[PDB]
Amino acid sequence: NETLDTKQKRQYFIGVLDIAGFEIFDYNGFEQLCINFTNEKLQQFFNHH
Amino acid sequence: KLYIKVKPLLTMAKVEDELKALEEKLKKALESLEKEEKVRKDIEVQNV
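Residue numbers (the deposited numbering), protein chains in the order written: chain B, 441 to 489; chain A, 832 to 879.
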């Protein structure tokens with residue numbers, strides 16, 4: 441991020457959400473849970489948006 | 832060594848030393864006038 445900070449300008453943004461998961465396999469663990477627990481809420485922001 | 836006693840009825844020597852003291856001024860005003868604005872360019876870039 442360091443190489444790419446806005447070198448002195450008015451820091452104005454867009455935010456793109458890229459969370460890679462909602463993967464269904466026989467193994468889902470706590471790893472799959474902390475990820476799919478964002479993904480749920482994004483789907484909820486779909487409702488909310 | 833014919834130099835100052837009667838020779839400076841002429842010109843030539845005349846302006847030199849004055850201009851030494853004056854030319855100093857012309858340079859530093861121009862040097863600052865080059866550098867300044869383009870410092871404010873990179874300050875104004877920051878401020879925003």
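Among the hints, a few may not be true.
Keeping only pairs whose Cα atoms sit at most 25 Å apart, straight-line, the calculated DSS-like set for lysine-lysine is [unchecked claim]:
no., chain 1, residue 1, chain 2, residue 2
1, A, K872, B, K447
2, B, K447, A, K869
3, A, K838, B, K449
4, A, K866, B, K447
One-sided excerpt, in silico: chain A residues whose CB lies under 7 Å from chain B [stated by the list, open to error]:
no., residue
5, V876
6, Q877
7, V879
Calculated from the structure, these hints are not laboratory results.
For each residue, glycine too, the CB sits at the ideal point set by N, CA and C.
Hinted pair, alpha-carbon criterion (25 Å max): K838(A), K449(B). Please report holds or violated. 66 Å, violated
Verify the proposed pairing of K872(A) with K447(B), using a straight-line Cα cut of 25 Å. 14 Å, holds
May I ask you to test the interface hint for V876(A) with respect to chain B, counting a Cβ-Cβ separation under 7 Å as satisfied? Since the shortest Cβ distance to chain B is 5 Å, the answer is holds.
Is the straight-line distance between the alpha-carbon of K447(B) and that of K869(A) 25 Å or less? It holds: about 17 Å lies between the C-alpha atoms, which stays within 25 Å.
Are the Cα positions of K866(A) and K447(B) separated by 25 Å at most? 21 Å, holds
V879(A) was flagged as interface toward chain B. Is the shortest Cβ-Cβ separation under 7 Å? 5 Å, holds
Would the hint on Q877(A) be counted as holding, given a Cβ-Cβ threshold of 7 Å to chain B? At 5 Å from the nearest chain B Cβ, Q877(A) passes the 7 Å test, so the hint holds.
This entry does not satisfy hint 3, going by the numbered hints stated previously; all others are met.
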